[PDB]
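Just the one chain here, the form solved without its partner chain, laid out as structure tokens.
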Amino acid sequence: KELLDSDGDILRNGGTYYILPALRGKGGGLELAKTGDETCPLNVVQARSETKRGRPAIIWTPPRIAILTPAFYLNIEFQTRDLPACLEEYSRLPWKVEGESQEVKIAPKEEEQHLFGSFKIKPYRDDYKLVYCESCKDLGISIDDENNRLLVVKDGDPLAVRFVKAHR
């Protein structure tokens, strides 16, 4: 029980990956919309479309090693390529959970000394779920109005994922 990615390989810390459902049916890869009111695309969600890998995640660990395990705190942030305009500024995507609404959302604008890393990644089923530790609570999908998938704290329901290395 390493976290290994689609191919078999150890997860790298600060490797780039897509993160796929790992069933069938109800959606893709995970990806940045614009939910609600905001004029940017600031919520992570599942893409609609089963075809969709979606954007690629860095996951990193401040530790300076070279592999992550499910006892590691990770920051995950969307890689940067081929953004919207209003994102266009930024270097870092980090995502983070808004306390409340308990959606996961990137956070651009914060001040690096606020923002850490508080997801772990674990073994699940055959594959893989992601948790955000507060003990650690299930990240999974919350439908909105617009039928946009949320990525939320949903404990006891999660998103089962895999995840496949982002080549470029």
Second form
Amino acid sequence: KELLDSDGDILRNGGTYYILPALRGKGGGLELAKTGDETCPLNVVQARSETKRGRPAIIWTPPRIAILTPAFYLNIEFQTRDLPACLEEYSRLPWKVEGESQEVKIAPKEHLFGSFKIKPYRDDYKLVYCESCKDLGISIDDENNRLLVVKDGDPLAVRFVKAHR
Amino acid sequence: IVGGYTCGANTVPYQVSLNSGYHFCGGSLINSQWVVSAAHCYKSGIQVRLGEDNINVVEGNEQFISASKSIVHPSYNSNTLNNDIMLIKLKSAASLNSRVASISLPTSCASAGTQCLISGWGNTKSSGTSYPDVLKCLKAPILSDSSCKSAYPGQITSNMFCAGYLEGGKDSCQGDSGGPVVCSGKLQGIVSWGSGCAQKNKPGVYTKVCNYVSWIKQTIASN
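Given the form solved without its partner chain above, what does the protein look like in the form solved in complex with its partner chain?
Once more the chain from above appears, this time first in line as the rest of the complex follows.
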């Protein structure tokens, strides 16, 4: 199988996309938020509002092929437009899976390949984490924040929309 | 190519495109029936485009030929990218003119400081994507092994070399994989990988063709 955006084009290596829920009714795109004690939005969460597209993601792999396939180990990082002062002087905003919580976080202050893959999932797609490969899903904290965590057997179904063009 | 220029028609006659509906890699024509590319560019049923300059245009010297054998190096490691080379056999011999022509394999390895021409239809931005209609070129010095391993600690094998600029701004990029690095008229490298594109102290990394001339010639004779 192959990876397609909402325009039915194969996903580009190094491309930027919004990552939206494949279904609809609950939440919008992926973006950043603060959880717990952190003073700076370092958690990857899903927007609460259905109308919000969130923050676009750069998805790429080190070999310089033009496209992406389910086979490729991926680096994923949020784009850096209009950030809070906290993140304002960082070049990249890479995703990293972090803690005993296995939450997806951005790690601005830091191996050949990345730890993520994109895999088909029913009529859309899912993000998996490869330490082997576990689905990433949503775990809703007690403040209703919709955290992207490692969550095997319960993937969030996503679809990719070009941020440009 | 980021920070390069328009090669122009027929200046890089050995440059080929690898397609499967879309352009995904480039490669290099070494004789009428054989192309060299990257091993991570492998997929079944590759269509090869020769004589291309403008991708939105069907040029007259353009040739569209399907691969009949796509031979990956026996030792290609998808995890380290070591031995990232592939040979493609064209289903029939291509027509050699001024728009389509071969490039020589090297007799010996190129030395650091050698200026090379790297070419591709790959992305021209360092963040987000921008593909060119026309082929893009860049001249880039070959960097020393010491510089190369300082940029990519533990990741540079004996079959890789760095070329480009440590300041940034000029580099190959996504879409350029498999494409030629030509120095002094010999095919000395294959676009392989890097961390991002054109970023500081992160030059492109290229497959060191000179280590594979034997394998190439042997493989051609047996197929």
